[PDB]
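Encoded as structure tokens, the following chain is the form solved without the ligand, with no partner shown.
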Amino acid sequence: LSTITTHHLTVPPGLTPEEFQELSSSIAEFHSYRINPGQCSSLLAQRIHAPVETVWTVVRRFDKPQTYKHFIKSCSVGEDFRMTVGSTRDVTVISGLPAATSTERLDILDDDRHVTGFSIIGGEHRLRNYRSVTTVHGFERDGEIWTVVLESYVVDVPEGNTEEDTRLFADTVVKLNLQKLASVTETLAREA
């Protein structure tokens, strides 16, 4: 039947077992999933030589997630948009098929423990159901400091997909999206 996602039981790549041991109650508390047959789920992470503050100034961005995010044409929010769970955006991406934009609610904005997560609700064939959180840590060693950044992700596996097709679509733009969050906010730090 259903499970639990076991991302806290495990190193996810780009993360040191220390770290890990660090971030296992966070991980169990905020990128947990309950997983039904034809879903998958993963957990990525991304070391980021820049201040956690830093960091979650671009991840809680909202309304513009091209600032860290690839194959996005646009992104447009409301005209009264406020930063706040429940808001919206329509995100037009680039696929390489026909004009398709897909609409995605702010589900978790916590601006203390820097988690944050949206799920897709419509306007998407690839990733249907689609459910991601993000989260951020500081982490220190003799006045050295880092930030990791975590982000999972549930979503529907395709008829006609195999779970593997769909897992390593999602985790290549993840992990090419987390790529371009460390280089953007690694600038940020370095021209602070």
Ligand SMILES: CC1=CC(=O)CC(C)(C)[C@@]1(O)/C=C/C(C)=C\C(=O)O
The other form holds:
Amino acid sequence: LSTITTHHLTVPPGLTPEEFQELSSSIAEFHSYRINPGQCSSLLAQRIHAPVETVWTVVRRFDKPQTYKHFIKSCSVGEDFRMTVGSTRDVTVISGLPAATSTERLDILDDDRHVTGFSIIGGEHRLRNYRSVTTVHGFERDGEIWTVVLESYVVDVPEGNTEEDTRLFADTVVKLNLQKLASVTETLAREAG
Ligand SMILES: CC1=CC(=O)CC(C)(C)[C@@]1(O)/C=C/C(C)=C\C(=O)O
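Could you drop in the structure for the form solved in complex with the ligand? We only have the form solved without the ligand so far.
Below: every chain and molecule of the assembly, starting with the one above.
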């Protein structure tokens, strides 16, 4: 039947076992899902050499995903947009012709614990029931500071497609965007001001 995910029981690539052991409780709390046989799920991680709040400032900007995501032609939130749970954005994604479109709902926004997440609720694409959660975590060792970003998703595997291809597609999109997040925020952190 329906199973529970095991992301919180395995070390994701781009993370040390030591980092994982510090995060296992957060991964269980924020990055676990009950999924059905038609579904798949994944957890991705990205180490960033920047302070938490520098990374969180970018991560939390629901109305501006283009700041850290690839292939975003536009993101409209209308007027008068306030950042509250339930608010939506219309993203236009230029990774093909015609451009894919996605209407996405802000599911979570916790500025204290640095948790956010969204659900895809419309548009033209093949990621039915896509939902993701992103958490941001600070690390310290001998006065040195860095950040780990964790991002997990659940999504329906579209008819005609394998779970492997579905996971490869979504994993690559999320991974490459976490890479852009790392570049953008490390640049911010490096230049300060
Ligand atoms: C890049 C792109 C191609 C598609 O066909 C679907 C969709 C338009 C939703 C998407 O924006 C996918 C976005 C994903 C998986 C994650 C995200 O944005 O956090």
